[PDB]
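Enquirer: Using the hints provided, position chains W and Y relative to the given structure of chain B.
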Amino acid sequence: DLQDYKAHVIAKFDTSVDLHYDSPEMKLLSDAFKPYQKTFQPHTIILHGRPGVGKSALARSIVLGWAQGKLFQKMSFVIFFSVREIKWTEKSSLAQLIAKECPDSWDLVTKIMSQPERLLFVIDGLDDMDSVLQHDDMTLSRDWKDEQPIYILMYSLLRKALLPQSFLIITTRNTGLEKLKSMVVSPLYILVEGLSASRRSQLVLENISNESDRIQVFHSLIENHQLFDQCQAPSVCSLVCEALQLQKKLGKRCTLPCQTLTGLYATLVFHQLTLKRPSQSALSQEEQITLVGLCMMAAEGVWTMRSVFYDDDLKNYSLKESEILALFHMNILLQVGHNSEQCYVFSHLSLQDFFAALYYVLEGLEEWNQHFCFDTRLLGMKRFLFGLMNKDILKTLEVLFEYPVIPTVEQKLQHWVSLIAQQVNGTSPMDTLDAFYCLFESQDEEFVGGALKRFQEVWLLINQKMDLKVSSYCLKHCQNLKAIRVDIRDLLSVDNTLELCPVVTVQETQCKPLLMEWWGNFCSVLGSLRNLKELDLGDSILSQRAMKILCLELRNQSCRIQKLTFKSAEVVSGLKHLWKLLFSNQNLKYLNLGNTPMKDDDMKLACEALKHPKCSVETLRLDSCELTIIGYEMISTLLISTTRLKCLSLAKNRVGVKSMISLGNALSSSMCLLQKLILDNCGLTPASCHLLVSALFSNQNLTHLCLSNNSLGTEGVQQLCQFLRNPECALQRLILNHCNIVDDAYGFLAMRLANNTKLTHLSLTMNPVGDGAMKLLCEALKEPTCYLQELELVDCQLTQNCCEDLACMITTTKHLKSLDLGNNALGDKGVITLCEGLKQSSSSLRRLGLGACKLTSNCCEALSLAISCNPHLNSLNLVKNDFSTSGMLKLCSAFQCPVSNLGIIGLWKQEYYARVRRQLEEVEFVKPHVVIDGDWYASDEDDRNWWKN
Amino acid sequence: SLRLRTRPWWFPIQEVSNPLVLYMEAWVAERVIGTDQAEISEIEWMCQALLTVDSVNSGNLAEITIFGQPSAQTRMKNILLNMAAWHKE
Amino acid sequence: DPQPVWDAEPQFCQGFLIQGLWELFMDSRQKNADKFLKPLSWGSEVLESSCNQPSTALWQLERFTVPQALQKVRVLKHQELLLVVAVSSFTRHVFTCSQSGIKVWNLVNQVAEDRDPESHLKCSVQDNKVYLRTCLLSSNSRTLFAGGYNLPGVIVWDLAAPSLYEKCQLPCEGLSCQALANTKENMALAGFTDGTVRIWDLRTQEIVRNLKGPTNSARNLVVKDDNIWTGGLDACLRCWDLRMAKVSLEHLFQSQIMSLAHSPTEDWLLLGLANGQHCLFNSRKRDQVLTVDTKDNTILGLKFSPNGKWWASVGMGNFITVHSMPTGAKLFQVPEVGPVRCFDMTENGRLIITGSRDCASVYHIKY
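Protein chains in written order, with full-length UniProt numbering: chain B, 201 to 574, 589 to 1163; chain W, 26 to 114; chain Y, 146 to 177, 247 to 581.
The following block holds chain B by itself, in its conformation from the complex:
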């Protein structure tokens, strides 16, 4: 009887003559059921692809080939199923389904007796059952002939737990694979594509309007990856071509744009709606109810993951197919199914998403509810909802519905887009880019302008041309931004690339790639803003041409940039053009040029340009550059001449003796006007530093000086004290972060600081001092004739013995305001005896750093009482210490007193229990200015980090 079944199965499926053949893409599937490795032989093959590609055709052709031959010969039997055409609630058995599929019933008894060794199933659909799964617990069925609703049998047959050692082939959707991958056991995955890329390009090319703007519209259509992805299926490509042709015909009558999917879909649907009406007028009430019911049904179907729409769903919303056919005349809501029950599925998923989006606009126009009787999957609906806020679609909707349309959700969308911009620690570029895409979908000036008004800072990654276009479009409406950062890693890495995609060129004459055009447009948009003053190149790698274009377009008369940064970019080719720009735009006064090697000619050109009277830069950095002795000679020659520089840095580069003497000779003359000088991480010997201080002895212009990470002897510090003692020195801040100064040098420093003004800041980090020299320092600064304000002792070998001296110093002093104690073994007794004199508050200190001082929970009471009544204290730090629960509660209760005026508090709040978290939340609630952050050193009231940038 097998031949009768063969004849019946070839008779029933016959719908493709030239679509099924011995294609090379089918031999791969035929050989797929073979052991790739000698150990492994696959048992389950799962096919996936885009929703619109012809996969059911593949399954049908497989069955037909088995029935005819030359496709599967060892396979003695195949069975085809279709679950989208059968209800999945009634109780049945595998025998009942097999009898429904197989006309004869006497064969299965002999079939199951010995065939399960070779028995193949072909299954279609299975993606719409992602909603019935209760996820709680389901009983596995081990044998057939069981009365049980069919979804459990699908689960059981899927586990290879019902009819084992039997091969299966499954067809599904990309987005329906979320729950299926943990069901099957060791599958083999095969991916299916639509048409090629060149064919898509030619098909889209043939359907453009060509009204003198064909290039831009074509490229906007094709480079958009989201649209081009779903243009894989032939149906969607045909729809897009039809919509473009329709726009071409009635060209002057359509004000809707043709650059996005929403415009084309609205064009088609609304033109079909207006065709039925003999004259331009308003839809009748029943037509309105039908439209509302259909849209809201689509919305619920999208929400609940259902795409079958049984007849009872049609009844529950008072809808019928005849009305839809009469009203639309378009292939919408097709009917499928061969049994008594019918199934209603849309012609695509895109249409369902579009109608789901269209629901939200029409919700509040009236009260429709009277006449009704009742994250990846939502990308299309969200994009369509964003795109439907265009004003022309709203105007047409108003004309149709004879009522003004003011959708509520517009405020919610604006609020969400604004919430991204105001972030406490900067903006995540992923959300910014996603918002830029969504706002480019809605081509409305008012909406975009109202959305982007509180950004003030932008960070972007650009690696696709469409990204350049959307950023260039949306940046024009940002009028509050002040700083930007672009990370172009690889798009412009290669200098030259000339190739054509189609067989012939798209345009007759281009002569210059599109990518260069879009880069130029983005750079000009950057250059034409008003409130932007800082430009940062981020982490990009640029060629010669990109740098040339940026330089040329930044020569404009409207750019107001003051800071230019190149600290992580390879721009070695375009330094000539940078030097040319340097003396043509006068609004910039800060140039950061770190980590870029410089030859002799580049330095000569830079020095020549820097001397030009048109130039106006006041800060310059050249750290980590590879310089020569001739470079140092040119630096000296520039330095002596008439220039406008006030800050110069030469960090992280070894300096020779000849360079040292040349620089000292140049700096010694009174005609050199410099305020600040930074020289850390360079290779200075004690002799070289001695000559440096000898040269500095006669100068009276510098105010700031840095010599960190250097080797300083006792002769050097003695010479420094000699220079800084005598009057007209005008030095305010001293930086000695890592030079090893020890023993007699601190005595000299204390003697100098005992009676000395015009000195304000002094730091002695990472230096070997005990209690003995700190005694001298505290005694010296105890005197009234010292005007230091800030002392930094982050990494000194400081112990708990001198805490009494610290307390007396605090209570007696009258001038200094800041005190840092970073990595000293303070202990608990030292801190409590320090806060004993700190609580009395005879001084006006405002900043106290107590991080990493080995504080236990025994010193909490004294700290709480000291911070309880001391209105002068403003800042504090308590990181890298441990605390028990009770001590933390006492501290928090102290935070809540009405007398305290703490403005910045340095804590990590994510390392305590729940109760401490709640108390800290209440502290934030009562006082609206307290900032509890761990990045204590990021707060810069006065310019303290001036040498680190």
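No wet-lab data here; the hints were simulated from the structure. For each residue, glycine too, the CB sits at the ideal point set by N, CA and C. Please note that a few of the clues may not be correct.
No more than 20 Å apart at the CA atoms, straight line, and that leaves these computed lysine to any residue pairs for SDA-like [what the hints assert, rightly or not]: (1) B:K379 x Y:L272; (2) B:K311 x B:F280; (3) B:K866 x Y:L272.
Sample of chain Y residues at the chain W side, in silico, Cβ under 10 Å [claimed, not checked]: (4) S258; (5) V322; (6) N323; (7) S333; (8) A374; (9) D440.
Expert: Just chains W and Y now, with coordinates in the frame of chain B:
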């Protein structure tokens, strides 16, 4: 209008929704890419990128598609460009 | 007494917008600044800004850094007690294990709380009743080892093929896994309950050599270029030489050892005892041991950094602490719910997994 290709288990499904397409000469494409599959599969594992070569175009142009995250795509493309440039000379 | 209280952590922007849209639809058919965490982009990085420092590091001190705090980004929902974890950040995967199976997840998905694995490998149905204890992952991310209580061997899975399937068996009839190891010369190691450490050949599956010691003496195993360091409840540490095949050194400690680790760069060995006392022993000089820390809870895990400048510790005491290698000073903490039993760290030192009862929380390292 149908193409079939295998997808290994370790390649996520989220990163297959943005190919990269590059065009270059067919004669060099056939010689550079090769015929066997073991070396190609090892290259795909090393760069964490999957590539397919198509020569259905009537002209001397062949279509190459690369899948992966942007860094992997850039590295894999650089490897292919360097190999092709060396082979051409 | 104190109880940690959990809350929905991520609430990223897209989730907020989706919740807002969902609320409106339910609202209509009824008649009848906020804090967001940055996304974990591409499963690799976070794209944030580094913290500020009081001073500037040396020219040669560039790649030596120390973390500052940990931030939660996701939760992985198993159902059974978590025992071991792996990462292998080369392929952006996560392997979690329990007493009944291995569930493979992925990190590319952007989900606030995950419940769908990429697969579900179990071995209980093969025999009457078999459990799983440990797992291991090779350096190049091309092989996965696993062992059990009643298993007829240690299974070998292959992860470089177009499919995921069993490859070998490595016979062992009546011995519990209790430990695992691998070597760069294409050989495998294992240490059973009663103290036998047996070496098999990976490419042929032949037993090469057998090493025998007292009971419970192979609970932990760490290998070097030519040495093997073992120690267990016996409160001793001994070294075996593969070439010479007998004991070379032995040391006695006060309490039962619970974990071991080795520094990638220097020659220090980390030991975690049963009273919380960390220790360090020099592998090359082999002179003495020095105690650095003291805690009130037992210790159940150690691990070095890729650069060997800090280490982390997990245990029974509700806390996950991080210490600095130079001397052993405490840096910070993060509380949890119950006795933490496992964790692992990626190759690049960017993430850290942790599993307490049935949740495999993933944190992020803030440099």
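Enquirer: Does each hint hold? Answer for all of them.
Expert: Hint check results:
1. In summary, the hint linking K379 of chain B to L272 of chain Y is not supported, as the alpha carbons are separated by about 52 Å, beyond the 20 Å threshold.
2. Taking the CA atoms of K311 of chain B and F280 of chain B, the gap is near 16 Å; set against the 20 Å cutoff, the hint holds.
3. The straight-line distance between the Cα atoms of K866 of chain B and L272 of chain Y is roughly 9 Å, inside the 20 Å bound, and the hint therefore holds.
4. A distance limit of 10 Å between C-beta atoms decides the matter here; for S258 of chain Y the minimum to chain W is near 8 Å, and the interface restraint holds.
5. The beta carbon of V322 of chain Y is positioned within 10 Å of a beta carbon in chain W (closest approach about 5 Å), and the interface hint is therefore held.
6. Interface hint status for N323 of chain Y: upheld, as the beta-carbon distance to the closest one in chain W is roughly 7 Å, under 10 Å.
7. Checking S333 of chain Y against chain W by beta carbon gives a least distance of about 8 Å; that is within 10 Å, so the hint holds.
8. For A374 of chain Y, the interface hint holds, the least distance from its beta-carbon to any beta-carbon of chain W being 6 Å, beneath 10 Å.
9. Residue-level restraint check for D440 of chain Y is violated (minimum Cβ-Cβ distance to chain W is 30 Å; threshold 10 Å).
Hints 1, 9 from the earlier list are contradicted by this structure; the remaining hints agree with it.
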